[PDB]
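Novice: One-letter residues, chain by chain:
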Amino acid sequence: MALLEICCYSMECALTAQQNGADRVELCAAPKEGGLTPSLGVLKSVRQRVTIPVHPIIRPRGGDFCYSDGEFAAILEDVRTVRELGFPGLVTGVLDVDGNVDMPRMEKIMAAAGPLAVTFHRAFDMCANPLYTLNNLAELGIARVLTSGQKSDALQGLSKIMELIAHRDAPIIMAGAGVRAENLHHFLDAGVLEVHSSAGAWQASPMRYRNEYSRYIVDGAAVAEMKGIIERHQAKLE
Amino acid sequence: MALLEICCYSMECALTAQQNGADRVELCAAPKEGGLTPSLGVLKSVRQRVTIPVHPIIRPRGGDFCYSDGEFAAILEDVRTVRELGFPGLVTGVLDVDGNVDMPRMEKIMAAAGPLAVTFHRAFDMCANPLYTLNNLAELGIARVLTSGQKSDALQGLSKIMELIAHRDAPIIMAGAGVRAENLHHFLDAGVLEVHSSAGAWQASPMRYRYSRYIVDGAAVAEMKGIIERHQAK
Ligand SMILES: [Ca+2]
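Chain order of the listed sequences is B and A. Residues 1 to 211, 224 to 250, numbered by PDB author numbering, are exactly what the first sequence covers, in order. Residues 1 to 210, 225 to 248, numbered by PDB author numbering, are exactly what the second sequence covers, in order.
Extracted from the complex, chain B is given alone in its bound form:
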């Protein structure tokens, strides 16, 4: 049975994902930035309203993952905060200017994260030396890695993704980027244990007066369909 993780940009979307079969949620803010740390209000809101596992992303800004000491100070505090709020895991990633995992920094994040299941995000796809990196993530105690096989979308990086899976058992490899109902079977047939999807859609602004404004939300039906595909596939596997 493959694990279905849905990226949500609001508490309502995470709830919709939960009610539609999602096994886990990656909680983010700012879709146009690729996902940034949610405000404390959103975090607390989700802890009070969402029951399935929620992993908040810890990312102060978009762009690269070579944070300054100031941004890093905030990141450590956010990690401690997410742990204290009771989340079972979190998502983050830090690299040096050459694309190598910043080990000293990641170790400090792991220490602050405590028992939390940490996901090293797509910073992995911007890094050099995939295997060497996986070995080091395993050394840090990273639970899983969100990756597209270092390609524009996970389907293109499918052969690489399979390589990662066959290289080490840990961290768990989670396919992400462009993963949708139409191509889910590719990942399942390849033996991917966890898949990440935005199950995104655009809802028009209800704004009647003006002078973009569409909201990026989770399509509940899309989530259910993907979970359906996952259940049948695991079933077809006898």
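These aren't lab readings, by the way, just hints derived from the structure by calculation. From the three backbone atoms N, C-alpha and C, an ideal C-beta is built for every residue, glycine too. Please note: incorrect hints may appear among the correct ones.
Capping the alpha-carbon separation at 30 angstroms, the derived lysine-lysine pairs in DSBU-like fashion look like this [as the list claims (entries may be wrong)]:
#, chain 1, residue 1, chain 2, residue 2
1, B, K108, B, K151
2, B, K151, A, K32
3, A, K44, B, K44
4, B, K32, A, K44
5, A, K248, B, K32
6, B, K151, B, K32
7, A, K160, A, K44
8, A, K44, A, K151
9, A, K32, A, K239
10, A, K108, A, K44
11, B, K44, B, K32
12, A, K108, B, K32
13, B, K44, B, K151
14, A, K239, A, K44
15, A, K151, B, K32
16, A, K44, A, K32
17, B, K160, B, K248
18, A, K108, A, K32
19, A, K151, A, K32
20, B, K44, A, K160
21, A, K160, A, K32
22, B, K160, B, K32
23, B, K108, A, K248
24, A, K32, B, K108
25, B, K44, B, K108
26, B, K44, A, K108
27, A, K239, A, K160
Now the in silico label distances, taken between C-beta atoms and shown as ranges [stated by the list, open to error]:
#, chain 1, residue 1, chain 2, residue 2, range
28, B, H167, A, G34, 37 to 45 angstroms
29, A, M103, B, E224, 24 to 32 angstroms
30, B, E250, A, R210, 41 to 49 angstroms
31, A, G34, B, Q48, 21 to 29 angstroms
32, B, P206, A, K108, 17 to 25 angstroms
33, A, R168, B, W202, 38 to 46 angstroms
34, B, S68, A, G191, 37 to 45 angstroms
35, A, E139, B, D98, 50 to 58 angstroms
36, B, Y209, A, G34, 17 to 25 angstroms
37, B, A128, A, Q203, 21 to 29 angstroms
38, A, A201, B, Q246, 47 to 55 angstroms
Given chain B, put chain A with the ligand in place with the hints provided.
Specialist: Relative to chain B, chain A with the ligand alone:
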């Protein structure tokens, strides 16, 4: 005595702004989203390192200001958080579908805000009736409003801003959108009490293996404070 407020997307940028003359900082995250609520980590960081007044923006997402019940619940908790952390003010705004200030929900925010000085942001430039909105803001107890005179840039809307300033003594009118060292004197001559500027630029990523970051320009901040100082010192 014109007040210079700088929009900063990081603690370090806020510090740079402070070291260069900024009288106040609007703290935001997500420059590409037009500015969203900063995380607790960033907020705590600024409280321990920045001394001039800082007003964090409270905005869960980009786009319109007609938030869902779920988003609004988060907004109230963030107002409560910013207040509890001791910031002297905050920036936010909620509108109904017809371009009117959402009074029932804005009232709940004011209640949660307590003594904090609340700035109604550019949601104001999306309102159908500016003078009536100013009235509504004063009714709410709003301290100041960030506006471009309802134009694409504040200079273009300057004549409108001058009209707003004389209308009433409701919230303070703070000119924003396109304000920079180059055109600052226009707003000062117009009689604007407070001005807002991001005074920044997108910085290239230092990555040597394969990419931008929005940072404040401390020189620009310093130049603007100079213009302000010289203005009422001429
Ligand atoms: Ca390698």
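Novice: Each hint needs a verdict: does it hold in this structure or not?
Specialist: Now the hints, each set against the structure:
1. B:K108 - B:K151: It holds: about 29 angstroms lies between the C-alpha atoms, which stays within 30 angstroms.
2. B:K151 - A:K32: 24 angstroms, holds
3. A:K44 - B:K44: 17 angstroms, holds
4. B:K32 - A:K44: It holds: about 25 angstroms lies between the C-alpha atoms, which stays within 30 angstroms.
5. A:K248 - B:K32: The given pair, whose Cα atoms are some 45 angstroms apart, is violated under the 30 angstroms limit.
6. B:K151 - B:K32: 20 angstroms, holds
7. A:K160 - A:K44: Since the Cα atoms of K160 (chain A) and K44 (chain A) sit roughly 38 angstroms apart, the hinted pair is violated (cutoff 30 angstroms).
8. A:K44 - A:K151: Given pair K44 (chain A), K151 (chain A) is violated - Cα atoms ~35 angstroms apart, limit 30 angstroms.
9. A:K32 - A:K239: 26 angstroms, holds
10. A:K108 - A:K44: 24 angstroms, holds
11. B:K44 - B:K32: 23 angstroms, holds
12. A:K108 - B:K32: 29 angstroms, holds
13. B:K44 - B:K151: Since the Cα atoms of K44 (chain B) and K151 (chain B) sit roughly 35 angstroms apart, the hinted pair is violated (cutoff 30 angstroms).
14. A:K239 - A:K44: Within the cut-off at roughly 27 angstroms; holds.
15. A:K151 - B:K32: It holds: about 24 angstroms lies between the C-alpha atoms, which stays within 30 angstroms.
16. A:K44 - A:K32: Since the Cα atoms of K44 (chain A) and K32 (chain A) sit roughly 23 angstroms apart, the hinted pair holds (cutoff 30 angstroms).
17. B:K160 - B:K248: With a Cα-Cα distance of about 25 angstroms, the restraint between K160 (chain B) and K248 (chain B) holds, given a limit of 30 angstroms.
18. A:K108 - A:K32: Roughly 28 angstroms separates the two Cα atoms, so the pair holds.
19. A:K151 - A:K32: 20 angstroms, holds
20. B:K44 - A:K160: The hint is violated at about 41 angstroms.
21. A:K160 - A:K32: 28 angstroms, holds
22. B:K160 - B:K32: 27 angstroms, holds
23. B:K108 - A:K248: 53 angstroms, violated
24. A:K32 - B:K108: 29 angstroms, holds
25. B:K44 - B:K108: 24 angstroms, holds
26. B:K44 - A:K108: 19 angstroms, holds
27. A:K239 - A:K160: Holds, at roughly 24 angstroms.
28. B:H167 - A:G34: 37 to 45 angstroms: Holds, at about 42 angstroms.
29. A:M103 - B:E224: 24 to 32 angstroms: 26 angstroms, holds
30. B:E250 - A:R210: 41 to 49 angstroms: Holds, at about 45 angstroms.
31. A:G34 - B:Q48: 21 to 29 angstroms: Once the Cβ atoms are compared, 28 angstroms apart, the range 21 to 29 angstroms for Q48 (chain B) and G34 (chain A) holds.
32. B:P206 - A:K108: 17 to 25 angstroms: 20 angstroms, holds
33. A:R168 - B:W202: 38 to 46 angstroms: 40 angstroms, holds
34. B:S68 - A:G191: 37 to 45 angstroms: With a Cβ separation near 39 angstroms, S68 (chain B) and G191 (chain A) satisfy 37 to 45 angstroms, so the hint holds.
35. A:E139 - B:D98: 50 to 58 angstroms: 57 angstroms, holds
36. B:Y209 - A:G34: 17 to 25 angstroms: The hinted range 17 to 25 angstroms holds for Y209 (chain B) and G34 (chain A), with Cβ atoms some 19 angstroms apart.
37. B:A128 - A:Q203: 21 to 29 angstroms: Because 23 angstroms falls inside the window, the suggested range holds.
38. A:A201 - B:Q246: 47 to 55 angstroms: 51 angstroms, holds
The structure is inconsistent with the numbered hints 5, 7, 8, 13, 20, 23, although it conforms to all the rest.
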